[PDB]
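Asks: Given next are the chains, with one letter for each unit.
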Amino acid sequence: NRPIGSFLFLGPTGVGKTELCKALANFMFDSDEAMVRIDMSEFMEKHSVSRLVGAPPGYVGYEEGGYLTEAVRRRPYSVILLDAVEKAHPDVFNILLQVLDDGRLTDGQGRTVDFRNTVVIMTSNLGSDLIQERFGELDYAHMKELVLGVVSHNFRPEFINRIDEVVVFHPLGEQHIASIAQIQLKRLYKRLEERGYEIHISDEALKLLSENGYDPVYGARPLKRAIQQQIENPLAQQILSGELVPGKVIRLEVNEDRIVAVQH
Amino acid sequence: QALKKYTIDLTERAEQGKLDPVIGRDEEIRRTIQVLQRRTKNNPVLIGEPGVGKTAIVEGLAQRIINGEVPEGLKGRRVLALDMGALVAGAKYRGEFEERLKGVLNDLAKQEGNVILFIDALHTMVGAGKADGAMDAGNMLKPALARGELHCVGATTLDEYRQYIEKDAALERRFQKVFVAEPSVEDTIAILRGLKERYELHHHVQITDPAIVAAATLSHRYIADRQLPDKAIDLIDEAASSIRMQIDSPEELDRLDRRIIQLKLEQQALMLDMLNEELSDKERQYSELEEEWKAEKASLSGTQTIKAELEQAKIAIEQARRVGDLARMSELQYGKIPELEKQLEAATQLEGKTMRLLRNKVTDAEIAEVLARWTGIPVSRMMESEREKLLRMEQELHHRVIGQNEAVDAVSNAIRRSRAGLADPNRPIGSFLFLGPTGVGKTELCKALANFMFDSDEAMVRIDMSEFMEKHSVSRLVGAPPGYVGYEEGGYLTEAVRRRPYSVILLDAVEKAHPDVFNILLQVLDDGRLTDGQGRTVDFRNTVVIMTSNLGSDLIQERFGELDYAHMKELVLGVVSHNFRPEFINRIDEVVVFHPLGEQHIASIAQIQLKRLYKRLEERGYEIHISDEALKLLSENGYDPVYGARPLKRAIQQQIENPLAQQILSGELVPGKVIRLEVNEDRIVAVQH
Amino acid sequence: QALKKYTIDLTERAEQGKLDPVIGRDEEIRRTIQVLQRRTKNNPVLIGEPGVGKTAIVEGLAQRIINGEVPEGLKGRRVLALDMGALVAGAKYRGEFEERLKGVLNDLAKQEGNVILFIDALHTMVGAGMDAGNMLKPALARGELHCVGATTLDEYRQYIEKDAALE
Amino acid sequence: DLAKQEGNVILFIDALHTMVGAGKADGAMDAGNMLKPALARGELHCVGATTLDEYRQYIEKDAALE
Ligand SMILES: Nc1ncnc2c1ncn2[C@@H]1O[C@H](COP(=O)(O)OP(=O)(O)OP(O)(O)=S)[C@@H](O)[C@H]1O
Ligand SMILES: Nc1ncnc2c1ncn2[C@@H]1O[C@H](COP(=O)(O)OP(=O)(O)OP(O)(O)=S)[C@@H](O)[C@H]1O
Ligand SMILES: Nc1ncnc2c1ncn2[C@@H]1O[C@H](COP(=O)(O)OP(=O)(O)OP(O)(O)=S)[C@@H](O)[C@H]1O
Ligand SMILES: Nc1ncnc2c1ncn2[C@@H]1O[C@H](COP(=O)(O)OP(=O)(O)OP(O)(O)=S)[C@@H](O)[C@H]1O
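Residue numbers (PDB author numbering), protein chains in the order written: chain C, 595 to 858; chain B, 159 to 407, 409 to 430, 441 to 858; chain A, 159 to 287, 293 to 330; chain F, 265 to 330.
These are computed hints drawn from the structure, not numbers from a lab. Be a bit skeptical, because a hint or two may be false.
Using 25 Å as the maximum straight-line C-alpha spacing, the simulated PhoX-like pairs for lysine-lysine come out as follows [to be verified]:
hint : chain 1 : residue 1 : chain 2 : residue 2
1    : A       : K300      : B       : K250
2    : B       : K466      : A       : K325
3    : A       : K325      : B       : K354
4    : B       : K163      : A       : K260
5    : B       : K288      : F       : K288
6    : B       : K300      : B       : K325
7    : F       : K325      : A       : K233
8    : B       : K162      : A       : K325
9    : B       : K288      : A       : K300
10   : B       : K163      : B       : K325
11   : B       : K176      : A       : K199
12   : F       : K288      : A       : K325
13   : A       : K325      : B       : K288
14   : A       : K260      : B       : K530
15   : A       : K260      : B       : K176
16   : A       : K268      : B       : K162
Kindly produce the complete structure, drawing on both the sequences and the hints.
Replies: Listed below in structure tokens is the structure:
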């Protein structure tokens, strides 16, 4: 009688929340863009209720339903992402009270689309102050309790009765970000091998990127745009010369203060 | 017999071999055959978004029956294409459609369960005979399908299944769903690898497999309108059409023919000569190029005829596999396959020798031509002028934007990565924040970027945030939900990008709005997807989002001196941390800061205004020079760092345009005269010499 | 012979010089010829406000066929135009529009891949009574018809984005 | 007979919209679609007469009848 699992993730941004959800979808179907993603930060007024569940009889777009009950009448085993849900108009969640109580849903035309094989995931980012304040020297449990009280300030007490487990994230350490950088260089090797260039890297350049992209306060995206600038710009610079012969081992080796490529 | 009067044997057309061979699809065709051989409800329906080959699934069914790859219970079946266009035809008298239809019913009951009924657009049959107080085929196929002596096979679009058949619940549960899946990218690759030879039989040309896999990759990433594999099919066919018409065209022959008609008109006007000889040489060159064109056409024609005979050999040896002739098998194989393969490869390398003027094979460059023309994504491999133009992006910017090198370098890096193709396929291309004082060329920078990319100034969806100073304006720009008023229209920005896929978006004056207008921006910079009111996504990955605010401008003019760039960006980034939400400023690519202008740049800007002024007035047709003392005095009269460049602009505007157009329409300023913009004692004078 | 009942041999008219020697527009004519020599999806539509002479563009194409400027799939074809209002206006009862429509398709298959069709008012063909697009669905899909559209951009975004087979 | 005179006879028929959108016949045609050839055959220099509204209803919507 309840859907499979209904989780409220927390944290500061850029730590992997959306990636956990997309990792689930890219596991469960081998696709990021086969899921249901309702961008809940749009819902700053009380209308988009009537875009997700449909508009009642005697109104405009009647015979095409909401967005949610369409594609969960279609594919009964999906995994919903409701990202950034803390910026909705704070009573859009009563729709979600039905959704997480039983996972039937009274739509426009009346047909109770049934959710109970579809993972509701909510991902907020309320955990800025509290997690950046006291993730050090605290356990998982008291953090969960205290930010749970914080969300009780924000949401309704009606609501977190429903949520299956409110798992709370932590900011990243440096070695984590080095592994992130490993993954980013793997996807770069992916994007450039499709274009056709064998590229290696100085392993020291990993450490220079660790010196580059690290800050504990913004999550993993500073690493990403540091990779963007301080790798791609000399790379796509020298590519557009016609300089880089395909087939050569393009080892990304460090400069004195930068990273350079070789053609050997 | 009433059967051929309204139906079409598909297995007839399979024996014709006109049909697409269907590759992949073991799972749904096995599933459809399982739903065919039941006791009751002999009624599979094919459901999925259009283009995914639902017609081809039944066609591949018929091909596997004729080829005999089915279970034994179907060996002997007859798939028939029932036709609503046959059945509705002349039913103007009462009880005429129903008479025809029940004739079909009883004659398929005659067939002793050896016939499979195929209908496309089953919703059309549901609303087929539904006249005002009559009987349709819906309430006539209600009995013959709950018993299921009539082995129906359905085909529908997903939305109109929902509107049309699910209105009628009894004929909803007569049928079993088969949810036909969106085929994968790699399955699409395989299907395109199979469908090559039929297309080459059509377009008389050849196709290269990297262009095939590139067609799959490009069509899957950049379009969002149609669905796989159909859009890839259309790319391939469209490139083959362009190549066929390049073959039967050529452009050097066009230049030589325009040259010989120009020299012929000149020679007839002259009737010293020499032009009889020049015209004879050019017409001989044109005739040799034309004869080369005809030789290439004859060569590719013979190559295509023998490739067509190869494909007929493939069809004939499959007919020998079904029928079972003895000498035909080894004869067709060991004779017809290796000699036609080796001389078809000999004709292919002969083409590679003789094709000089034109092209013959389908290459990825042709595919990317079709894709760039087809919607507007700048895909193709770089020619020299555009690529070296891109390498000198910074130079072209400072052809129009003196000063503020930071943003020049930033956007230059952005678009070099874009046309380089190293962007993130889950983020848009450009995502920037501009912070500077009032009037320092930010808007004109972005306008020049548009004019670089597009040769157009305002083909950019400038959406000014200054209007948006309460919360509703998100629902201005993205749409309004169903039920309320703005559902019928759709949003503004979302239709802007769905119209022009590859654009440059500005969010000017982005200090003005309430701080929660920045949530659509979060979704945009998250995935490049945006869902408007009607409930569909719109691709923003091939776009560029740009914001221009003026937050720390007081601190900029205060402390651009005695600071580097790093502490500048650090302190003003903290200033944005005062203003905006930190959840947002993670998303931004670079937040460049704009220093106030220096007087040298101000003089350069004045030079730019003189250049565009000379441009517009030479369009008017005037030859205008200047005493540079007037430039110096205009520079001296229009300097204020607190207000930016536009005071110089209005000073130029007034103190130049007023005496100018004051004396133009007087007839004083005559075109063709040297117009020296000299000075008055405190003003500007122009002379006519 | 519904071709005698509903169609106009424009090749006859320009063959007798009845028509405009239409000037220019050669890039678009060429892209239409590109579309008209495909294997599938063999139907161009023409998007523009009425009075820009899309009719005349097809007319100039027909004059080029009279000239024989075409590639080797079009030499010998006969371009014939058709209205939908000539078909809708005779619908007293059920099944009278559609006998005409299928007899049209019987003449089209009867000429055996030799006739290029023109139809303007494509957005009209959306609504006639299912009614019209579904009977033309196989011949539009299976290469056995070479329909040429003519409509306006507003009617394109209003009508033709609805039926995907119509797209 | 119009082909016999070749534009010598200049006919008049008022209420063109009536002659287009009301001539219903069973297994038979109207005057509208049988004389719509004479539109694009030049044997028809005919004159009409209507009201402001019905012209816009049944005449301006067709291309040839425009
Ligand atoms: N642990 C991680 N593993 C892999 N990639 C990561 C990880 N953390 C961040 N990233 C990358 O950085 C991006 C930011 O992660 P997100 O989860 O999208 O941000 P967030 O933490 O969800 O906060 P929001 O959703 O943006 S409010 C991801 O899309 C990945 O590209
Ligand atoms: N796996 C496949 N094998 C063979 N042909 C295929 C395959 N997938 C797609 N096609 C071809 O792609 C085209 C599109 O498929 P269609 O069946 O025509 O689309 P559809 O199933 O008819 O759906 P709609 O609504 O009619 S577009 C046809 O020409 C098919 O032959
Ligand atoms: N380096 C430059 N090269 C060329 N023109 C420049 C340069 N710097 C400033 N300008 C001019 O400065 C004028 C004012 O700048 P704008 O971008 O129009 O105003 P702004 O910079 O957007 O600031 P606000 O907030 O709009 S007042 C423009 O007309 C530019 O032509
Ligand atoms: N390339 C061209 N050369 C000469 N005249 C042209 C050309 N293109 C269009 N025209 C003129 O445009 C006029 C418009 O007439 P129509 O063909 O009826 O207009 P249309 O562009 O077809 O749109 P509608 O729906 O038919 S009003 C024709 O009479 C032509 O003379």
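Asks: Given the hint that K163(B) pairs with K260(A), test it: the Cα-Cα distance must not exceed 25 Å.
Replies: Satisfied, since the Cα-Cα distance of roughly 13 Å is no more than 25 Å.
Asks: Starting from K260(A), check that the Cα of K176(B) is at most 25 Å away, please.
Replies: holds (22 Å)
Asks: Does the structure keep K260(A) and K530(B) at a Cα separation of 25 Å or less?
Replies: With a Cα-Cα distance of about 40 Å, the restraint between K260(A) and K530(B) is violated, given a limit of 25 Å.
Asks: Regarding the pair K288(B) and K288(F), is the alpha-carbon distance no greater than 25 Å?
Replies: It holds: about 22 Å lies between the C-alpha atoms, which stays within 25 Å.
Asks: Checking one constraint from the list: CA of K325(A) to CA of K354(B), max 25 Å. Satisfied?
Replies: violated (31 Å)
Asks: CA of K163(B) to CA of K325(B), is that 25 Å or under?
Replies: violated (31 Å)
Asks: Starting from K176(B), check that the Cα of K199(A) is at most 25 Å away, please.
Replies: holds (16 Å)
Asks: Measure nothing beyond the straight line between the CA atoms of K268(A) and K162(B); if it is 25 Å or shorter, mark the hint as holding.
Replies: OK: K268(A) and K162(B) at ~17 Å, within 25 Å.
Asks: Given the proposed pairing of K288(B) with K300(A), does the C-alpha separation stay at or below 25 Å?
Replies: The hint holds at about 20 Å.
Asks: Mind checking the alpha carbons of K300(A) and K250(B) for me, to see if they're no more than 25 Å apart?
Replies: holds (23 Å)
Asks: Given the proposed pairing of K288(F) with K325(A), does the C-alpha separation stay at or below 25 Å?
Replies: Given that 25 Å is the threshold and the Cα spacing comes to 31 Å, the pair is violated.
Asks: Given the hint that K466(B) pairs with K325(A), does the C-alpha gap stay at or below 25 Å?
Replies: Roughly 43 Å between the alpha carbons, so the hint for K466(B) and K325(A) is violated.
Checked against the numbered hints above, the structure breaks hints 2, 3, 7, 8, 10, 12 and 14 and satisfies the rest.
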